[PDB]
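These notes are about the structure you will find just below.
With one protein chain removed, the remaining protein chains of the complex are shown where they sit.
We call the chains A and B, going by the order they appear; numbering starts again at 1 in every chain.
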Amino acid sequence: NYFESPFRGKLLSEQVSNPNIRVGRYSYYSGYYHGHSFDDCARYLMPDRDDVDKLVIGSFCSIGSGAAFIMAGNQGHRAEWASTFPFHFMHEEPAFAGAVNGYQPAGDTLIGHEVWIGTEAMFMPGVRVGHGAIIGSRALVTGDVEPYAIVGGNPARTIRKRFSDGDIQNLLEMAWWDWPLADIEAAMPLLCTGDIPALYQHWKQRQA
Amino acid sequence: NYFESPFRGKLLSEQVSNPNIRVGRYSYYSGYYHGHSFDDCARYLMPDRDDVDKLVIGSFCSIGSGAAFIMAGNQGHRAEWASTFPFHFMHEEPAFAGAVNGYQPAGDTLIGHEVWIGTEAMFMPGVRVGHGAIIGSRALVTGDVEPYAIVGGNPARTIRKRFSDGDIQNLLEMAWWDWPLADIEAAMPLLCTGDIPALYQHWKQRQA
Partner (left out) sequence: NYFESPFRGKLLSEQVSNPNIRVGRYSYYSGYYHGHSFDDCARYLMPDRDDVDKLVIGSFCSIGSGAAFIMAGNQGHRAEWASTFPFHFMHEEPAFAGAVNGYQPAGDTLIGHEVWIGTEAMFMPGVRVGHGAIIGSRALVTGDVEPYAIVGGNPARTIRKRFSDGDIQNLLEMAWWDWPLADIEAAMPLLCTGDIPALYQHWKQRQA
């Protein structure tokens, strides 16, 4: 077990290893209940190729145990073809030599800043979860998620947003997750409330 | 593997170990397909603190492999705050010193008597599954379940109840799961039918 206690996770930066995984600051993962370091959470991601899709995780993300990000696009499976069998990849069989490569990229998988991901939540290829979004446990994300949206379910569907639309708009504008640490510590007292408007002022002020 | 065969489970009483887990008689768990004893089914449950929420399981429960009961309330994550990041818990960072503890208990998780839980069913913090309830496999229970309700799905939703409302009412009144063993063996022939009304009489009689 890469982890010592169910109550102690480790930084992404201190455990990520596949070059095609770009994690941000302070984002962490706690997988004591799945025992593997964060690298194995990225399924089918080639550490070799620069040609593949990449998993990108924003800053300040708290990631639950056993989360999984399915990669490698279709894996050479074309549902619109007469057969979903990856003939092209089945080398040995000489008969399958003429097979064309049905593989298709899907685009980098992007997880925004401050995304709270539930244990065992699974993300399909190419999704883009927005900042602040909250992914429920066991949630199977099959599409893009909006900033500050609370989703959950198989398939995952938005249940509501964390703040008002205005609130959100303000949060998106001050982007505290990009704030110099000194200011994050400064505004700390306000980051522990739901007073977006207050925070917004404290921001506008400091900016001067 | 704590288990010898996919077809042989062990008593909760003979494997539970966290002091904050109170299992009842005859309730059993079979986790050959997940290999760990029942203690690891309670996620994030502190065996140390008397201050935490507890997992309580009634009598005569049959629990499928890999079931999981997510504990520790919010784990210090406040979705209504400007940030869902557990700053307070991120010690090292001196900047995060002023952070307030966003943690919140959720209440004991209660699983009634005779609850049949499917393999890999996952229960969220603070739910209360009622007696007789049947939890489908892979079912993600996010709220209270009623006695004799058959649920399933992500999110889990009642599909129907096992018996009539009257039937249920009778079952709830005689509470066979609390019956002295001699009477359980006695009424055995009737516990293997759907004749609640018959059982109810056999009960009323013996009571005299």
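Note that in this section a contact is a pair of C-beta atoms (placed from the backbone, for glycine too) under 8 Å apart; a residue touches a chain by one contact, two chains touch by 3 or more.
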Listed residues A:7, A:87 or A:179, member touching the removed chain: A:87
Touching residues on chain A - with respect to the absent chain: 40, 43-44, 46, 70, 72, 77-87, 90, 93, 95-100, 102, 122, 124, 140, 142, 153-155
Positions on chain B where the hidden chain makes contact: 6-7, 26, 33, 60, 62, 65, 114, 116, 119-120, 132, 134, 137-140, 150, 152-154, 162, 171, 176, 181-182, 184-185, 188-196, 199
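Convention: only the chains that are shown with their structure count from here on.
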Interchain centroid distance [CA atoms averaged], chain A/chain B, Å: 31
